Amino acid sequence: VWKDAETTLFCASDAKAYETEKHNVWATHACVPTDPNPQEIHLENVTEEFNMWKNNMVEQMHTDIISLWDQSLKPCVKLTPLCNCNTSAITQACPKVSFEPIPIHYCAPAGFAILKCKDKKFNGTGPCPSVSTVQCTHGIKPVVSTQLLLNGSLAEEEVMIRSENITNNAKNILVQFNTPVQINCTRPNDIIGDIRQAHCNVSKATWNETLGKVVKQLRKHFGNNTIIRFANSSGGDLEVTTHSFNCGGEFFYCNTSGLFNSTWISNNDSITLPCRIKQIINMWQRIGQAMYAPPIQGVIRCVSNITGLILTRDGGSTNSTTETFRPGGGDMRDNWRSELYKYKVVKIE
Amino acid sequence: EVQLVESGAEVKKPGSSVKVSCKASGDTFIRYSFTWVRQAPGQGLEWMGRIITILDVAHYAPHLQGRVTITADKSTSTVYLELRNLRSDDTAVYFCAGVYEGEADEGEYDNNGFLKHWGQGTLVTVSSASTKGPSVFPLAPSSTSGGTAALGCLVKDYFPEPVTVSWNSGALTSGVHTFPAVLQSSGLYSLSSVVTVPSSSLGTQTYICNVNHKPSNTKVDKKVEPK
Amino acid sequence: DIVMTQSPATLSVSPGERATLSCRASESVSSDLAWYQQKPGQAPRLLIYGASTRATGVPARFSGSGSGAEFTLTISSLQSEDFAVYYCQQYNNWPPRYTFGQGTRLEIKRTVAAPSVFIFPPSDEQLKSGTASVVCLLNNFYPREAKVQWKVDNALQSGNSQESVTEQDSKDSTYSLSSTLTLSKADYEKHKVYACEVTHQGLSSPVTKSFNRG
Amino acid sequence: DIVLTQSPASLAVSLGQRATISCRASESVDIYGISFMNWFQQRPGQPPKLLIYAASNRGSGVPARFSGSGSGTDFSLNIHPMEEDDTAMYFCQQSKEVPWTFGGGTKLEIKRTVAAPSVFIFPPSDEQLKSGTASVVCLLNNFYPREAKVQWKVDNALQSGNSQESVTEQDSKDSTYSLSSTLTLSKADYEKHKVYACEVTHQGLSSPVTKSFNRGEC
Amino acid sequence: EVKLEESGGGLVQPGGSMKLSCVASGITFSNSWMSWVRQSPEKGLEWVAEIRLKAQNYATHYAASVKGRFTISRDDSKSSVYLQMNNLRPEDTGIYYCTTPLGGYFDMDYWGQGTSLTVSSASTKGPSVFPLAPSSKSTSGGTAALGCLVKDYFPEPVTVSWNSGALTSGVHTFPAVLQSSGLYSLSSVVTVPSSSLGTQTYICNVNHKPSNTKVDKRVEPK
Ligand SMILES: *[C@@H]1O[C@H](CO)[C@@H](O[C@@H]2O[C@H](CO)[C@@H](O[C@@H]3O[C@H](CO[C@H]4O[C@H](CO)[C@@H](O)[C@H](O)[C@@H]4O)[C@@H](O)[C@H](O[C@H]4O[C@H](CO)[C@@H](O)[C@H](O)[C@@H]4O)[C@@H]3O)[C@H](O)[C@H]2NC(C)=O)[C@H](O)[C@H]1NC(C)=O
Ligand SMILES: *[C@@H]1O[C@H](CO)[C@@H](O[C@@H]2O[C@H](CO)[C@@H](O[C@@H]3O[C@H](CO)[C@@H](O)[C@H](O)[C@@H]3O)[C@H](O)[C@H]2NC(C)=O)[C@H](O)[C@H]1NC(C)=O
Ligand SMILES: *[C@@H]1O[C@H](CO)[C@@H](O[C@@H]2O[C@H](CO)[C@@H](O)[C@H](O)[C@H]2NC(C)=O)[C@H](O)[C@H]1NC(C)=O
Ligand SMILES: *[C@@H]1O[C@H](CO)[C@@H](O[C@@H]2O[C@H](CO)[C@@H](O)[C@H](O)[C@H]2NC(C)=O)[C@H](O)[C@H]1NC(C)=O
Ligand SMILES: *[C@@H]1O[C@H](CO)[C@@H](O[C@@H]2O[C@H](CO)[C@@H](O)[C@H](O)[C@H]2NC(C)=O)[C@H](O)[C@H]1NC(C)=O
Ligand SMILES: *[C@@H]1O[C@H](CO)[C@@H](O)[C@H](O)[C@H]1NC(C)=O
Ligand SMILES: *[C@@H]1O[C@H](CO)[C@@H](O)[C@H](O)[C@H]1NC(C)=O
Ligand SMILES: *[C@@H]1O[C@H](CO)[C@@H](O)[C@H](O)[C@H]1NC(C)=O
Ligand SMILES: *[C@@H]1O[C@H](CO)[C@@H](O)[C@H](O)[C@H]1NC(C)=O
Ligand SMILES: *[C@@H]1O[C@H](CO)[C@@H](O)[C@H](O)[C@H]1NC(C)=O
Ligand SMILES: *[C@@H]1O[C@H](CO)[C@@H](O)[C@H](O)[C@H]1NC(C)=O
Ligand SMILES: *[C@@H]1O[C@H](CO)[C@@H](O)[C@H](O)[C@H]1NC(C)=O
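Protein chains in written order, with the entry's author numbering: chain A, 44 to 126, 195 to 300, 321 to 398, 411 to 492; chain D, 3001 to 3143, 3146 to 3229; chain C, 2001 to 2214; chain L, 1 to 27, 27A to 27D, 28 to 214; chain H, 1 to 52, 52A to 52C, 53 to 82, 82A to 82C, 83 to 100, 100A to 100B, 101 to 214.
Honestly, the hints are just simulated from the structure, not real lab data.
There may be inaccurate statements among the hints.
Cross-link-like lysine-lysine pairs, in silico, BS3-like; alpha carbons within 27 Å at most [said to hold, decoys possible]:
no., chain 1, residue 1, chain 2, residue 2
1, D, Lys3225, C, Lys2185
2, L, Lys126, L, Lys183
3, C, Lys2171, D, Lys3229
4, A, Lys335, A, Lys351
5, A, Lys97, A, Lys252
6, L, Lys207, H, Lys214
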């Protein structure tokens, strides 16, 4: 017997105390070591209700990652507005620090447990007959990125399509893949080329197959009609209108117009997306802008696999005949929800 | 590249403030950062501060932090320097300078600290003295031994700098030395202009020194004669 | 506060030869070090940035080297237009508190040249105005170092004269100097012989020029 | 709305030859190189059956003699060689945007060789007779062409005004027609006369055929 | 197997109301756009209404000829779509089909058999059914003809089968004719082996949905 309630959770991590990397330092001075003997107890004849879009663990992880990015990244200039409109300015040294997200487990204190749904077809909200109880969720890398989801978990069998309300075109949609799509972002080293110019290479065959699977799952969810064009983001900051992420402390903003041309009414080069290194960024913590330091020397390499993405529907399918989606993101609460969808905190009764 | 054109010379009493401007033309304003540097007469360059134009964020030298302000008007491509509570030791030439930072509008910013482009400078004089034109006195040639004679004009008790001196309405330049001015204990400037001419030319050739002091709109022509 | 020190204060180099200027920092500044050229009456001109990168428009005969806290500017063959004042600048710190060296004056080394000495008594007009300026002129000498003393009735004067010196002459590489003695009319009329004594490397013995008042 | 002008309204084609049906749209039905136009076949009493989708794609199981072509505003359905079970209504339907619209329809029929009718006559039933009315029926079975003259005579008196004709759809298997002619009389009028005769004239008959009966003679 | 089944037609007076229903089987109905299309007595096709999916906020659109008078709705839990028809008009007469998808992209669609709607104010009446008996004076070599006369019914349509659907070869059921009385009539005939006339039983099954009546009539030699 238990009840649906929230509490002040803590964090566990395998952070190295000798590692100067900022995620390790944060998880060392703010989290305990991981559970040396973790266990997952299945619940017999228990059908529990879950709702990822109304989960407090998402907000807890969001606040923890905000604190991590505030204590870790030291930009050269900080600007925080408030809107008569006037702002402020914070100035401090901006050294180059190592950046690489590490898995972070979220554990519940005494008297509380974490219910995890084991349904391979669990779409996000609703009942679940295969429930288990744990104390700490599995390791989740806090990869702060827009549009694309990197270094996350995969769907079990079919591609998962989740949304707080697919009927509302304002609420965003998240797509969790069943197979990952490799992506190799590189900023080469000698004086040739721009200092901020980089490129992400991705195999077009696997991306084509996964995009076909994604539009097929869109059809299975609703429509079966014409998923039209698949364009890019319509207006907004450079953080939402392009794939914005971080690699080794450098902020990469990559052009995603190459992977967005799905003229599918029904149904050996690679895709090379250009990228720029922006120091003057708009922080995802809604606290204004931040200017950092020039990139380091040598080559900047990041090889990951896309495991999911986020889109936004333009409700044109009601009166027309086609279906428009555009790349979204920004609110990293959706990024944390893409991994905290099957977990919920419960109070033991 | 960008051309920097500064505002005109200023004369201020101690305790006042001054605001100098600098127009940047020829390139994307927001892709440059701008710096102000001053140089007191006879001394070296002193870094005062730098504004990150794209961000509207300025940083100042510790010694004057609190009484200096650097601003930029993106709509007129103009940079401003304000110095408050002026002291006599603030007398200097003020240079506007800038450097290209990258594609700032696309988040690229080198944060360069060196200064590629420089303005022509703005003289700012801070002194209790009031504007007044120079007295011009002859330095008559004497019996200046040899085949060469020396003569000139003493340009005394003027304020502020600068003063311009020519000879024979610009017809005489060979052998002219116009000395840098000195500051007298009275707070007024003084300089001499001399010229060496053949001694056989005295009595036949007339030598007139032309002294122009724009601040007080004074123009004096002084004939310098033997005896 | 990073203090930048340049050496030497003045460098005298014969035209067409190599010049080496040194800049030292009080702590390491990596390679964030720039060199500028400034000619009298003009704005500075960027020559070197990043310790060793020549700015656009700078001839190849200028080259920068060094790192850390010690830097060097070498000019392989001095042209007439290279004689000027040179400044180094540190821009390594953040928050920015950039500082300049105090400059090295690069002048033209020529043969020794003795000054021509002239003395000018005050004009009747100025005496009528109530003050007496006596001017001693040292014309077209080299090197710049020169000593000028005022004697009024054999009494060595101090604290009542001012000196001015021209820029190095662009044609003959010499300097000129003025010394102006100012006194009230009563003091001027209280003494008889007014003499300026010039000491200079070009003179075997001090040169004295004088006049008797009236 | 996208108006579809289908032509012709009525089409007769010889077996073994090509039937061509057109359909012009008031505006383009193309999106991204695909023409969202469809063709349907409809047999009498049955719902529409999709023959062609997206201008040129044969439906699953649709015989190879059916094909579609066209783009933009101009489309055609071609059946070649047309077979006898192809007689039907055909329609052109745009699927580009709502409101979904249909062509006015084409009735596809077929010229065949001459076939003489079989002629039958039916007296009114005793059950109907007691009700007060008499219907006498003359049937022409499995003939071609459709044109035929059916004349009722009652004791040699040529009847007019009291009979009605009805004709079947062209048969899907033998491409013939059948026709009924029904003579309606009051019971009293029917009992006034003895001999009821139906005379049929048709191109397949070398001599018009009369079928007759004497009232009440089994 | 996929099936659509319409029901609910019948006779209604101008200004009256009727509700049609369509039930789907063998299909994932919640993922199908559903439309109603009608076919005039003139046999031309006219789209009436469409309803889209939950994700399109069940958006509905109506042809101008029916806008404000008809309402389309669906019940995904019962795999059914409905057409409520109010303020009916003469021009609403026709056979109503439910279909899916029928729009844009394609390779396969589905249609019901249709349900018939008639306007007017005339009162109903099931047909009288009389035998068309095979005649000694009406045969040929072998091959005789017999039938049923389906007389004095209103409105259209009737359907006629033979031997409960076991007899289909050689059957001709003629289009109805409107008589001067305002009632319809037709014949259905069939040719059979005349050697069978003493052996094989022949029964015509006459259904008239508007009156909800069924008549079976055995047809024998007189
Ligand atoms: C999703 O997960 C993937 C993991 O698959 C991450 O990808 C990696 O990204 C990190 C950093 O972004 C890469 O790390 C870099 O690795 C270099 C490897 O170099 C050598 O050193 C090792 C040490 O044992 C030798 O074995 C090897 O032979 C080479 O000699 C390092 O050299 C790099 O250090 C550089 O950057 C730091 C930054 O501060 C500098 O201080 C260093 O001096 C140096 O210049 C750097 O650590 C790693 O290689 C990537 N691949 C793998 C397989 O790990 C993605 O980053 C992650 N997603 C996100 C968004 O982070
Ligand atoms: C991301 O990549 C795309 C393509 O890889 C970039 O788009 C390109 O955008 C330019 C806009 O200037 C297009 O140029 C054109 O100019 C002609 C002038 O006549 C005009 O007629 C065209 O309609 C068009 O506007 C260009 O065609 C287009 N594609 C390519 C291959 O260059 C885009 O700028 C990149 N960045 C972002 C943020 O999307
Ligand atoms: C995931 O599946 C659930 C099924 O439980 C969907 O939820 C339903 O929500 C709609 C809201 O429009 C209700 O009308 C249904 O009654 C709900 N179903 C049940 C069984 O109660 C949910 O929409 C699906 N999608 C997501 C993204 O959660
Ligand atoms: C990208 O995919 C690779 C696939 O190998 C991941 O590597 C892990 O690979 C080992 C291979 O022995 C598997 O057992 C693990 O299950 C994989 N982990 C995951 C999370 O897929 C790699 O971790 C993925 N992510 C990257 C490279 O960022
Ligand atoms: C299009 O709509 C159909 C609705 O039937 C979806 O259909 C079925 O697809 C599943 C896939 O696993 C099969 O198991 C069922 O047998 C199918 N049913 C029928 C009646 O065909 C389909 O998933 C939708 N999306 C597409 C085709 O991309
Ligand atoms: C669990 O439920 C099943 C039926 O779903 C029932 O047969 C079984 O007895 C239940 N077991 C327990 C322990 O409740
Ligand atoms: C989803 O959004 C639509 C339109 O905004 C609204 O009608 C519907 O009630 C919403 N449903 C939920 C569950 O939020
Ligand atoms: C780099 O990109 C290529 C191209 O897809 C990929 O095959 C490779 O695995 C990536 N990583 C490395 C280390 O080469
Ligand atoms: C990506 O592709 C480009 C184009 O061929 C190539 O020049 C580059 O080396 C590739 N980078 C990687 C990491 O594969
Ligand atoms: C994508 O995959 C499909 C299915 O294999 C194929 O038909 C299509 O040509 C592919 N397109 C590209 C660009 O690889
Ligand atoms: C997509 O990218 C183009 C750059 O080519 C940009 O102009 C546009 O605003 C972006 N968004 C769209 C088309 O919605
Ligand atoms: C569709 O049409 C309705 C009117 O029935 C209107 O309210 C709605 O805004 C339209 N939506 C779009 C996307 O055009």
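Hints, verified against the model:
no. : hint                   : in the structure
1   : D:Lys3225 to C:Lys2185 : 23 Å, holds
2   : L:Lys126 to L:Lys183   : 8 Å, holds
3   : C:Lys2171 to D:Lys3229 : 31 Å, violated
4   : A:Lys335 to A:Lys351   : 24 Å, holds
5   : A:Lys97 to A:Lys252    : 21 Å, holds
6   : L:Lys207 to H:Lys214   : 18 Å, holds
Hint 3 from the list above is the single one not met by this structure.
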